Amino acid sequence: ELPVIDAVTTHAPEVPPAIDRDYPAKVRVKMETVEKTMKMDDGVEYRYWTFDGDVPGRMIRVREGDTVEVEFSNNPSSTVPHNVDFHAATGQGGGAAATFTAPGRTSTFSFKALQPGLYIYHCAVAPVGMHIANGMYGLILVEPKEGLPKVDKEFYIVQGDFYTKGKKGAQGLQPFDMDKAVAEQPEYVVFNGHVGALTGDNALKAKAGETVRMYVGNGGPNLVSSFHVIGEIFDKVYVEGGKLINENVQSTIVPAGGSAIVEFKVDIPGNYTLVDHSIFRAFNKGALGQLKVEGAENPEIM
Amino acid sequence: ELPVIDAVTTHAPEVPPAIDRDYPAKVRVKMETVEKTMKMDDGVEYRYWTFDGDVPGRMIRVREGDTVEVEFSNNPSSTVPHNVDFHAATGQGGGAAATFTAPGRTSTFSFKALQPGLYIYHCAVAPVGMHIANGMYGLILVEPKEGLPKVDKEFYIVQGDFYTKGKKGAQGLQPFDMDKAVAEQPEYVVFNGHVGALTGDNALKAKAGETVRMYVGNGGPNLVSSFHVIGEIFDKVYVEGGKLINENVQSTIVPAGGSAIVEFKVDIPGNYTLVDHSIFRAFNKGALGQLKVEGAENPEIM
Amino acid sequence: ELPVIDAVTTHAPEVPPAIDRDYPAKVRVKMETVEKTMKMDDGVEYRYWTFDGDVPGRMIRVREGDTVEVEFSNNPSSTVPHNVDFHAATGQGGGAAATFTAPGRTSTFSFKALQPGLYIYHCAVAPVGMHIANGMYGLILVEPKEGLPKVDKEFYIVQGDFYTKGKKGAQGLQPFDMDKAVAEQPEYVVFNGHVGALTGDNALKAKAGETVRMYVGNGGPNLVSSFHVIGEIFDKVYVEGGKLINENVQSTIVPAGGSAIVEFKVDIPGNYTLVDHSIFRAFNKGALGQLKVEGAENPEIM
Ligand SMILES: O=N[O-]
Ligand SMILES: O=N[O-]
Ligand SMILES: O=N[O-]
Ligand SMILES: [Cu+2]
Ligand SMILES: [Cu+2]
Ligand SMILES: [Cu+2]
Ligand SMILES: [Cu+2]
Ligand SMILES: [Cu+2]
Ligand SMILES: [Cu+2]
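Chains as they are written, first to last, in the entry's author numbering: chain C, 13 to 314; chain A, 13 to 314; chain B, 13 to 314.
Pulled out of the complex, with its shape left as it was, chain C reads as follows:
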């Protein structure tokens, strides 16, 4: 019989603590879907559909071999059903059927995390593209039995493309636009659901000399990210989120409904900006994040 443990999940930029256990366990996770109106950009509002109050949903972290027990609830105020498809899960719809939950209801189901990796999870209620485009996606990290190398700083980042009826900048509550979605012409492309969610006062933080690891997901719906950090180079890249590691990469592809893990040492102070290098998305649509590094200057590097 398997041990029962409550999972530690985090709201985004934050990542749960590393797992210090060398045996399988039943990990209980609680998730709620809530529809709410939030700021997309200055003077722009959007009706997001979320996993636990924001975009992306809370990061889940378990160990290879663990059984993940999910208590899935859909808030009474929701207008449509919601569920969840874990790319980390093996079986019918990644758990979608088992978690189909009408508003004001609760569903429970479990699945075994048979393989390590960094997996996207997202709502799969029809129409699928709309539920995803409204913000229903997050990440679940399944650590290898032996764990991952220790690192000084960890960040949870998820890129998504959004389709607004009005063009980028149009004030007020902007409705989801089906036509632009099908045509794959988003108005906003962002990290963690909103323009500036990880920039300015919300910038990520690290200290010079610290090793950094970013768990980068791409919830889509449609765009593929040419992920890059201005002023830095990826020492390591877990290609497409898998076991294969590449090194000295400037820009990595993060598939739609996919992920990547990148690591780099920030040996010099300054502001590093995360971007989808399909450039106009970054400087015109909002795909821009910042990692502010405090510390002391080294002219030998620059």
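Possibly wrong hints are sitting among the right ones.
Same chains, same label: a pair holds when it works inside one copy or across any pair of copies.
Once the Cα atoms are required to be at most 35 Å apart in a straight line, the calculated DSBU-like pairs of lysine-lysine come out as [claimed, not checked]:
#: 1; residue 1: 304; residue 2: 38
#: 2; residue 1: 304; residue 2: 177
#: 3; residue 1: 42; residue 2: 192
It is worth saying that the hints were derived from the structure and are not from the lab.
Use these hints to put chains A and B with the ligands onto chain C, whose structure you have.
Just chains A and B with the ligands now, with coordinates in the frame of chain C:
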């Protein structure tokens, strides 16, 4: 001179028998190009230009070092010249010049399969994009001298984007639309030339516990696939169809005019759906396939 | 202190000589930004913004551990300031802040090439996407300490998407078009700044039997290249320009703001054309280059 062997090619979902020989051979392949009107979707017809009657063309399977002798016939009823560019072939146009065949003629030529891999082959008659967009592509698997591991189930899948003058859903015979193709705005994105070609009654089949390997090609012309199988995880991925193997990947990029090889064990019964995870293509344009798995339920997994 | 060496930088198709030194050095590089009108296609002119007179800029080649000193000059006739972000550099904007140069001014700065790889460098003056779209980008190769394997032929290739107000073919001077850029709908997609820059009389050259290496960049701004050479197969691919080597690949993804290194032996005469296999870009938008190989025929290969 080498031992002669008549190639066994398969119409799509099916893959030819694995190669169990450790010596080079002259493999005789016969291909015919035929233009025909077929159903793209319910009430929607399209004039396809095909390699052997459907999209994709018949899968070819040879061994690294083999000499592939192609007898290329262009059906008498064709209205334009056709040829073939084998990405597996080294030399002028991948064989296109040597296989330029007018309607009612048969061209013969040969090429040595110098390197193992999973290669796209397609027509290259001007205008190249049009011949490809009308459905002229397939895959040729060149096995390594040592062969490939035995697997229980092998499937032949090729994604393609189609450009219809009318919008998706418009009834009747829909002509090829050059303007949409250049702008890279397809109306249909499908697996194996037709909406549902691999779904419903045409779903792929396997039994719980079987090892599965999918040879995934992307004939384009333009889209790049974020290939994924809902409810499953790729144990192995031959990155971009080459020698490099990744593991535990949820979604892999299949380059336009490229491929990928993914493997996974289907340990639990259910319906698994193949999709391009640039999501709207899958649930709005037709990039959706199904693998039905019969067998007995394991709750420990889900 | 470090020996000072004037760098050899090459205008594109050409690559600087391999680095034959096993000790670090201070490599002096001179770069000038100049805005000039040039031919994009027959009867079509475009106002390019360039690093040293053309697109891409001159290729820089240094050794891991080298200190790169840059003397950056913005020509008096320029209408806006320019600078440079080296993806090879670690620190604030890859050197963008330190190289912000007004017209008629000169700036100097230096950085240590801490990691080997093939890096894109580009202007980063707001609006960033426009400075890149007008042609401001190039490559800097940072060799590994031990160097790279000897190869018979080396080529400098950089893809880029351009956005013109008029559609492809419209005669006269065509201004940059922001709306098409944001929507990611280029009119021209080319290798080395102009349609035909590497084709016809400008084709690359090699002899049968020679080993070839192409340093492939993708300055974007927005597209991702499914890079392929018709009639050839990539023996080796430095995945996304990093350390990881794939083999037997027909087509590789070159990320926006990213690169790749491909190698192949041209064992038979003929014309091999480089293309972005998102096919219409190649045959309709200009993403087409040629490598003409002289020598004698080998029927055994084809
Ligand atoms: O170097 N990033 O635009
Ligand atoms: O998990 N596929 O939508
Ligand atoms: O194989 N070139 O389209
Ligand atoms: Cu939902
Ligand atoms: Cu999914
Ligand atoms: Cu044809
Ligand atoms: Cu091709
Ligand atoms: Cu500039
Ligand atoms: Cu950049």
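We went through each hint and held it up to the structure:
| no. | hint | in the structure |
| --- | --- | --- |
| 1 | 304 x 38 | between (37 Å within a copy, 29 Å between copies) |
| 2 | 304 x 177 | within (34 Å within a copy, 38 Å between copies) |
| 3 | 42 x 192 | within (33 Å within a copy, 44 Å between copies) |
Of the numbered hints given earlier, the model fails none.
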